[PDB]
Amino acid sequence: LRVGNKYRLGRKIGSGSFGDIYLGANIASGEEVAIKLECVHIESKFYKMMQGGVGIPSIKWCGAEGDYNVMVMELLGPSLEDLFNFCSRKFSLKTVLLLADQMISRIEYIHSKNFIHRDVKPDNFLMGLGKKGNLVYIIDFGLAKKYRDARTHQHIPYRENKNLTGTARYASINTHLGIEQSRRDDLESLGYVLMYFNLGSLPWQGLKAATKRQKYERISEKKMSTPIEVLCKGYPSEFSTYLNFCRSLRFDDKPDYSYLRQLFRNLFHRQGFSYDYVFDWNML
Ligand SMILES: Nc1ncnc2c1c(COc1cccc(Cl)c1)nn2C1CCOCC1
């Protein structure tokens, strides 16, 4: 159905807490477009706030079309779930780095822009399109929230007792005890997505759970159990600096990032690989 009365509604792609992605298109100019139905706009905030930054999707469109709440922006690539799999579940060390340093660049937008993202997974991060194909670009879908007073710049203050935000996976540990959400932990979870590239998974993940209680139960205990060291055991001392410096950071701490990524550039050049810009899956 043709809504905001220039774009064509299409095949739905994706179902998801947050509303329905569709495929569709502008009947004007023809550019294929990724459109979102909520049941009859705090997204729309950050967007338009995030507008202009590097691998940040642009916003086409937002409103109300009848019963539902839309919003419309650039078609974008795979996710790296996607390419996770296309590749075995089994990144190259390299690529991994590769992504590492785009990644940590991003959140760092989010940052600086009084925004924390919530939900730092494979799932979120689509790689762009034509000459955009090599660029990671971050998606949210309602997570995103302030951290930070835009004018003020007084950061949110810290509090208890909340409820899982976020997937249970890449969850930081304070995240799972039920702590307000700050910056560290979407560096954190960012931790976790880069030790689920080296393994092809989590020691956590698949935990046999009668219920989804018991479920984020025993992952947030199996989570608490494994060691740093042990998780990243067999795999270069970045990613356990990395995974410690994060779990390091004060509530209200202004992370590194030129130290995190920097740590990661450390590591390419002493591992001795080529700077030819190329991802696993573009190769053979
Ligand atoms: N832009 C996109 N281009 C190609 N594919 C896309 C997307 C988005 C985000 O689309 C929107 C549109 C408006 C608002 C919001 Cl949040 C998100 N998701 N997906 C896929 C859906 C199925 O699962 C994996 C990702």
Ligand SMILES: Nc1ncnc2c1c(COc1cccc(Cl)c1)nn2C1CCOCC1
The other form holds:
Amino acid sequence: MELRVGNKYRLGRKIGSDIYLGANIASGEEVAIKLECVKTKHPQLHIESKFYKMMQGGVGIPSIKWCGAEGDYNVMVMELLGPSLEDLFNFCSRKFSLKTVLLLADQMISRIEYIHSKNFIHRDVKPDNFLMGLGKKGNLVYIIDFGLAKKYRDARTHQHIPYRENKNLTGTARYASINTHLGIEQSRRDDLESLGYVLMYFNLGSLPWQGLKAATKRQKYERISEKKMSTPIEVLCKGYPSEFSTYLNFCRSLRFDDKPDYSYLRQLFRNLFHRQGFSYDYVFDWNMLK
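Given the form deposited with the named molecule bound, corresponding form deposited without the named molecule:
A single chain, with no partners or molecules, comes next.
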């Protein structure tokens, strides 16, 4: 007993949901480690490693440290990362200050942009899929889990994929864009609409269509769709800086194969940030006393 992997790493205690902690036999430096039985009836390790492998180089993308197999286990060793924004959100009693939301909004938009610049759309943007970094990168928002990512434009030609309908819901319902509820293929615009809901979710502690009484996954998704539909943005964002409405309105208007003006969007919020007098010092809410 006492399992090593890649001849450099020692397996450690479970640390998430399964991710294991691991260390470098020599330095003690810590890493994360996923394993997958070569006989799973639900592979995911490969795809995921392929993404980090492809997106390698991008900021906020977890770095792959080793890919291989050990016994009947497929093993991936990656840089260790911090808690997800949903965890830190709970740490802060499910409420983030404007300053925190804006610091997050800035990096989360760039993160999404990067993926789009690589021909894929995420399709499951939500607090759970964003993690802070460690040490030096502790002030960095990382994006993860590409289990639903999908190519939206030719590598070479940049030919966008076809517009198409009667598409099944494919991410979290709570954060899905209107169009996705309507069954339309997803494209860049939706990743950004979703962030828009994520952000308002942080502002409010919850979304009006959250916790909706249903009796069937089909029924539930229904109610959410109708509910999201009947909440106009100016109402949703009532009480908060209009920048947020300008944001969702913009996203909701992009044409299926449009290219979002990412800069417009960061700018939008960066201006609000400054008007309020905040400093880009990275003192997020979960960094302060409670």
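Basically, rigid core = biggest C-alpha set you can superpose within 1.5 Å across the two forms. Numbering follows the first chain given and starts at 1.
J.: Kindly specify the one residue in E108, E180, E74, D82 whose Cα moves by 2 Å or more between these two forms, with superposition done on the rigid core.
T.: Meeting the 2 Å or more criterion is only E74.
J.: Spell out whether the Cα of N244 moves at least 2 Å between these two forms when the two forms are superposed on their rigid core.
T.: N244: C-alpha displaced by less than 2 Å between these two forms.
J.: Verify the C-alpha shift of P227 between these two forms: is it 2 Å or more after superposing the core?
T.: Stays below the 2 Å threshold, so no.
J.: Examine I56 after superposing the rigid core and state whether its CA is displaced by 2 Å or more between these two forms.
T.: Where the cores coincide, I56 shows only a C-alpha shift between these two forms that is less than 2 Å.
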